[PDB]
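Chemist: Chain by chain, the residues run as shown.
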Amino acid sequence: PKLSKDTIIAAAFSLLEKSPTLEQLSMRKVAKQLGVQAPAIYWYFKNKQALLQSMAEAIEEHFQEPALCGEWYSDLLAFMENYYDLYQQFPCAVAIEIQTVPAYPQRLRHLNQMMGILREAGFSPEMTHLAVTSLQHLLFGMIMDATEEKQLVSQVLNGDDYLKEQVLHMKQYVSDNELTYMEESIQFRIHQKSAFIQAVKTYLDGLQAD
Amino acid sequence: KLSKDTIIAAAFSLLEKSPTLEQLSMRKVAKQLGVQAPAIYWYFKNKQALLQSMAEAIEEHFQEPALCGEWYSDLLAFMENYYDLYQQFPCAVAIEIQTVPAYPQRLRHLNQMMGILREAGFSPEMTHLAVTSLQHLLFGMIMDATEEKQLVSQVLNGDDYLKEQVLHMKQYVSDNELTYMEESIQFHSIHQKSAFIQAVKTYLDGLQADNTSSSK
Ligand SMILES: [Cl-]
Ligand SMILES: [Cl-]
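If you read the protein sequences in the order shown, they are chains R and U. Take the first sequence: its letters are residues 3 to 191, 194 to 214, numbered as in full-length UniProt numbering. Take the second sequence: its letters are residues 4 to 190, 192 to 220, numbered as in full-length UniProt numbering.
Check each hint, because a few of them may be wrong.
[Claimed, not checked] Pairs of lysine-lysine residues, derived as DSSO-like cross-links and limited to a Cα-Cα distance of at most 27 angstroms, are as follows: (1) R/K34 to R/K48; (2) U/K152 to R/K48; (3) U/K48 to R/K20; (4) R/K197 to U/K220.
I should point out that these hints are in silico values taken from the structure, not numbers from a laboratory.
Kindly produce the complete structure, drawing on both the sequences and the hints.
Modeler: Shown next, in the form of structure tokens:
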């Protein structure tokens, strides 16, 4: 029956579903989403950063704890797979992680968990850190690449003279220059999630080697 | 002093001060030049055209690697060099991500990195997965580091809120006895080119046993 942090966070995400651009998320907008005035949002949030911190924490809460089996490879795999599902459930999820500091217990214990799995498995403190942060990097860059390329492909398929023109120029160049490999590369889009798992298993196979 | 090169530069300068591509507008580029939007449009039909041109401008600066014919080594050279290229331009990752690779330089590089793998025996789908996964690694790697230095700056220049958050983080690690997160602290480190180089090698190491599992 009254304004709460939760009511605002939901409105923020609701706002992102409409306009999936985190930089466009302003306090006034979030206010108008609730039919209120910006000043009201500030009673619960000092600035946009405080709102982002809460949103990030909100996302973490939806993470599904993976079923661990004691195998460092599978377990870490289960973790990354579940983060892939999570980041696929909220708009700008990656940008939100990127733009905030993990100052919430939930996110911290997951990171500590993934790292321990590797440390307890015999990996160097430096190598477990590289591994875990590297896997996050792969997911971050893949999710946004996919998010931004989905839009581009949509604009092209939605009659967009310019980009369409760009796409044709691209395909002609590849052809006129017999760029075989790039040519077959276009073919794939390639099941996204499946691709991600393949990339991690590959990284994981590399750890196992040395 | 108006020309594509001048517009392009003004954009990058604009981003240097505030490396958030989402804030780049035709109206802001014009202001940066001391002109109004219409003038700019005579050079670019829209923001997307400016980005395409900016993506090209970035690729043109790609230092051609010296290859020897070995897939592991040559592919590593390409990534080391792409890592250097993305340290020279603000928002290089976001720009390549929000543009289609229709410019020559890009196509030549993508097709040739994929050529390194295909000729070495890697299946078409593993070559694609490998080449794009390495780019994904670098992209997330560079975006994460970019915000990092920005947040670090904000804290230092007196941002009390963020300073408080960094503090809370450490309090939780201690309150919940997060032993591994604590040791994780001593890593500045996982932001250096060698960390990226180590990440790429671990991936190429996996490749010597994957989709090699799917090769031949
Ligand atoms: Cl975003
Ligand atoms: Cl426009």
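Chemist: Decide, hint by hint, whether the structure agrees.
Modeler: Structure-based check of each hint:
At most 27 angstroms may separate the alpha-carbon atoms for a hinted pair to count; R/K34 and R/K48 meet this at roughly 18 angstroms. Restraint check for U/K152 and R/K48: satisfied, since their Cα atoms lie roughly 22 angstroms apart, inside the 27 angstroms limit. A hinted pair counts as satisfied when its Cα atoms are at most 27 angstroms apart, and U/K48 with R/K20 qualifies at roughly 26 angstroms. Taken as a hint, the R/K197 and U/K220 pair is honoured in the structure, with Cα atoms around 25 angstroms apart against an allowance of 27 angstroms.
Checked against the numbered hints given earlier, this structure breaks none of them.
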